[PDB]
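Chemist: Here is how the chains run, residue by residue.
2 protein chains.
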Amino acid sequence: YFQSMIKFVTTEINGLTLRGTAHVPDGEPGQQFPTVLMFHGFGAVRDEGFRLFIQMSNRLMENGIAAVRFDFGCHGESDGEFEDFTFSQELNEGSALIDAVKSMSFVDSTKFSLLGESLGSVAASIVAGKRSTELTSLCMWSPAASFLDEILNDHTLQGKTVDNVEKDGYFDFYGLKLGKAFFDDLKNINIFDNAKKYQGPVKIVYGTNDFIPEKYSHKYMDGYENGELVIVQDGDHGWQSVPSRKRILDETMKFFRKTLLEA
Amino acid sequence: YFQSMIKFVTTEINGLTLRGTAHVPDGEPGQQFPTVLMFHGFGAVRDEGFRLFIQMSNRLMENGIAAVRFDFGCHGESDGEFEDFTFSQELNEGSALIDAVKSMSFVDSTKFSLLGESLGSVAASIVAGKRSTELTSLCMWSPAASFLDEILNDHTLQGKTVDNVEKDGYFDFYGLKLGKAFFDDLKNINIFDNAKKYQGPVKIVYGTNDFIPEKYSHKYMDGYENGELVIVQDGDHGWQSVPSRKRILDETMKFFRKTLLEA
Ligand SMILES: COc1cc(/C=C/C(=O)O)ccc1O
Ligand SMILES: COc1cc(/C=C/C(=O)O)ccc1O
Ligand SMILES: COc1cc(/C=C/C(=O)O)ccc1O
Ligand SMILES: COc1cc(/C=C/C(=O)O)ccc1O
Ligand SMILES: [Ca+2]
Ligand SMILES: [Ca+2]
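Chains as they are written, first to last, in our numbering: chain A, 1 to 263; chain B, 1 to 263.
Check each hint, because a few of them may be wrong.
Taking CB as the label site, the calculated pair distances span [as the list claims (entries may be wrong)]:
#1 B:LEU229 - A:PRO213: 40 to 48 Å
#2 B:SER132 - A:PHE211: 15 to 23 Å
#3 A:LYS130 - B:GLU214: 50 to 58 Å
#4 B:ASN209 - A:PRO213: 27 to 35 Å
Cβ-to-Cβ under 10 Å is the rule here; a few derived chain A residues that face chain B [what the hints assert, rightly or not]:
#5 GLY43
#6 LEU52
#7 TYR224
#8 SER244
Some chain B residues near chain A, calculated using beta-carbon distances under 8 Å [to be verified]:
#9 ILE6
#10 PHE8
#11 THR11
#12 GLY43
#13 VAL45
#14 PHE50
#15 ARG51
#16 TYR170
#17 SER241
#18 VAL242
#19 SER244
#20 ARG245
Keep in mind that the hints were calculated from the coordinates and are not lab data.
Just so you know, even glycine gets a beta-carbon here, dropped at the ideal spot from N, CA and C.
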């Protein structure tokens, strides 16, 4: 037998080392577990805000579900400069992470789901649609699916102008340099036509104080044949109150218990 | 001969596993390097905000200085619940981390310094005073040395009332539960008398947009025999603009080159 354990993992994807963390439940040698792979948000790290993904990871692990979470390229401790980041690269890494994590020794590749937060939810929704037979279920927190509309139609990124990127070479995001390549890549991105290709169980959790408009979650639901939308009164983008934190952890554990442990 | 590498490290302190990252310069097998240990801020993680400690670690590593950074107990990926967190535990851990890192194969026990950000700077100042003969130098960014005054005199923590802790059972910090034990323990904490015991080279970097009052940096200077205070015009608490991020990385590399490489 073996007690539960936290271990660090790395993988190489198109020339970048991505670094991550794995929460393995207790079990016998060689035992394989239903697994959730988690995608963090824009300019975030694999911990997520204020231990959010760590708390979710340990909750899953304490219930027999392995939890795996990597820093995307150009984020956190992975290789890559933010100035070179593109959302296309994030989607390509998300696809390659499915294959890398399904190959890990403790992962039951037949019981395998994605969890996202904010922009990570967007990536997860698109990856799920392109890899529509690979995922047992999909859970999306606070999907930041307005970012194309905001940048391309309103010419702002979280409220700050993008109109100087061409002249000045980059966008200043909290001290990080976001390059022109990111912006030139937005023309290649499609959210909802990709996302609606996934027909498995989907849960979306939206908080009424999220700065993303609620309409985007209803657009997702419009395309999902097997979706569920939970609206958390007074929940915010990052689940940054003790009551909304308890709610997001509980709602997500319930979904993955249903789709990974009881199906 | 080995190229530079990033690796993950753990240690056990008072029954908690603390988890961290080490950036090791390239060199010969078994080589021992001058080393900086970094302490993150309150409710933060070892990466720090927006890759701040990651960029600093890599800058040091590319110049022949090893960089090591752990999540404190009850923070990040380390063991422990935020509700059980106390600053006394952080101080004990910061002291114990000196020996955990100096035990590592790549670390020169005689060329070892601390770097802090915000509350981590306060922790580093106190640990430095108690273990003065262990440190070649000390660098403190944005020291949050007002927290005792703010909580004990003004009954707020970063502006939010602490007067409901007994009624609520906790203090809500961005969705984490901060417990009564933290507030009960504040009476045990002494910053400035402990800090002035360190007589090695100290550098403080303060940004004019920091929400921490500037007078706390001057108070530190009053007690240091070999201190230097750099005031970064338009710098902020987390160095979250591209100009101030460049500035903080350069000012810190200059200081550790002087104190760890050229001395
Ligand atoms: C990249 O541009 C954007 C990102 C977000 C949110 C991202 C997240 O929280 O992960 C919101 C609006 C944007 O225009
Ligand atoms: C690469 O990441 C960064 C680099 C700089 C400085 C660059 C320079 O020395 O010219 C500033 C902010 C950054 O986020
Ligand atoms: C814990 O109480 C406080 C913490 C801070 C900042 C901490 C940090 O930025 O690391 C500032 C004021 C406080 O009263
Ligand atoms: C452990 O830290 C937390 C616990 C809760 C509540 C959990 C429950 O009662 O189920 C909410 C937020 C937290 O940050
Ligand atoms: Ca020990
Ligand atoms: Ca442990």
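Chemist: Now, for every hint given, state plainly whether the structure supports it.
Modeler: Against the structure, the hints come out as follows:
For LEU229 (chain B) paired with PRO213 (chain A), a C-beta distance near 46 Å keeps the hint of 40 to 48 Å intact. Checked against the hint of 15 to 23 Å, the pair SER132 (chain B) and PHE211 (chain A) fails, with Cβ atoms roughly 48 Å apart. The hinted range of 50 to 58 Å is satisfied by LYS130 (chain A) and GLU214 (chain B), whose Cβ atoms lie roughly 52 Å apart. Between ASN209 (chain B) and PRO213 (chain A) the Cβ separation comes to about 31 Å, which falls inside the hinted range of 27 to 35 Å.
Below 10 Å, beta-carbon pairs count as interface contacts, and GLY43 (chain A) has one with chain B at about 6 Å; its hint therefore holds. Restraint check, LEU52 (chain A) versus chain B: the minimum CB separation of about 7 Å is within 10 Å; hint holds. A hinted interface residue such as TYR224 (chain A) counts as satisfied when its beta carbon comes closer than 10 Å to some beta carbon of chain B; here the least separation is about 28 Å, so the hint is violated. Of the supplied interface hints, the one on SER244 (chain A) holds, with its beta-carbon coming within about 7 Å of a beta-carbon of chain B, less than 10 Å.
A distance limit of 8 Å between C-beta atoms decides the matter here; for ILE6 (chain B) the minimum to chain A is near 7 Å, and the interface restraint holds. With a least beta-carbon distance of about 4 Å to chain A, the hint placing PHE8 (chain B) at the interface is held under the 8 Å criterion. The restraint placing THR11 (chain B) at the interface with chain A is violated, with a minimum CB-CB distance near 14 Å, outside the 8 Å limit. Satisfaction of the interface hint for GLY43 (chain B) is found here, the shortest Cβ-Cβ separation to chain A being roughly 6 Å, below the 8 Å cut-off.
Annotation: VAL45 (chain B) was flagged as interfacial toward chain A, and the flag holds, the nearest CB pair being 5 Å apart, inside 8 Å. Below 8 Å, beta-carbon pairs count as interface contacts, and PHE50 (chain B) has one with chain A at about 4 Å; its hint therefore holds. For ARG51 (chain B), the shortest C-beta to C-beta distance to chain A is roughly 6 Å, which falls under 8 Å, so the interface hint holds. At a threshold of 8 Å, the smallest CB-CB gap from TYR170 (chain B) to chain A is about 7 Å, leaving the interface hint in force.
Here the hint on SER241 (chain B) is kept, as its CB sits about 6 Å from the closest CB of chain A, short of 8 Å. For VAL242 (chain B), the suggested interface contact is upheld, since its CB lies about 5 Å from the closest CB of chain A, less than 8 Å. Checking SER244 (chain B) against chain A by beta carbon gives a least distance of about 7 Å; that is within 8 Å, so the hint holds. At about 4 Å, the closest approach between the beta carbon of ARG245 (chain B) and any beta carbon in chain A falls short of 8 Å, and the interface hint on this residue holds.
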